[PDB]
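Chemist: Now for the letters of each chain:
Protein chains: 2
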Amino acid sequence: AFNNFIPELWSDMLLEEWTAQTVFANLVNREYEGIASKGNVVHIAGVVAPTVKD
Amino acid sequence: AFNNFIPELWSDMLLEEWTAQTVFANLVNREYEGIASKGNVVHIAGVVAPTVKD
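So the sequence lines, in the order shown, correspond to chains B and C. To convert a position in the first sequence, counted from 1, into the deposited numbering, add 1. To convert a position in the second sequence, counted from 1, into the deposited numbering, add 1.
Only true hints are included.
Selected chain C positions facing chain B (Cβ under 7 angstroms, derived; list incomplete):
#1 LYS39
#2 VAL42
#3 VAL43
#4 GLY47
These are calculated hints, taken from the structure and not from any lab test. Note that beta-carbon positions come from the ideal geometry of N, C-alpha and C, so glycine has one too.
With the rest of the complex left out, here is chain B:
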C-alpha cells in the first residue's frame, strides 16, 4: 500500500493539565501582610490573664 504518501496529523493545541482548584489562601487570615511588607519575621504576642484569687 502507500507507505510514504499517507500523512499523520498533529493537533495545534496542547492539552492543559487538569489541576486542583486552590482555595486555602482566601480562607486563612491575611491581616499581617501590611506589617510584613519588610523583614523576615513577625512577632505576634497574646495576653496571659491574671489569676482570680480566693
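Guided by the hints, dock chain C onto chain B, whose structure is given.
Modeler: Only chain C this time, still in chain B's reference frame:
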C-alpha cells in the same frame, strides 16, 4: 367446505426492526474531524508542568 377458494392475505408493508437508540456519538468530543480529513493518525500533545524549586 371451501378447501380451495378462501384466500390467505399478505400485508404489503414490512415491520421495521425495533432498535436501541444511539447516543454515544453525540456525547463524545468531535473536534479532530476538522484535521482528520486525511491520514490515519492524529497526534495529540499535552503540557508537562515546570517543577517548583526550593
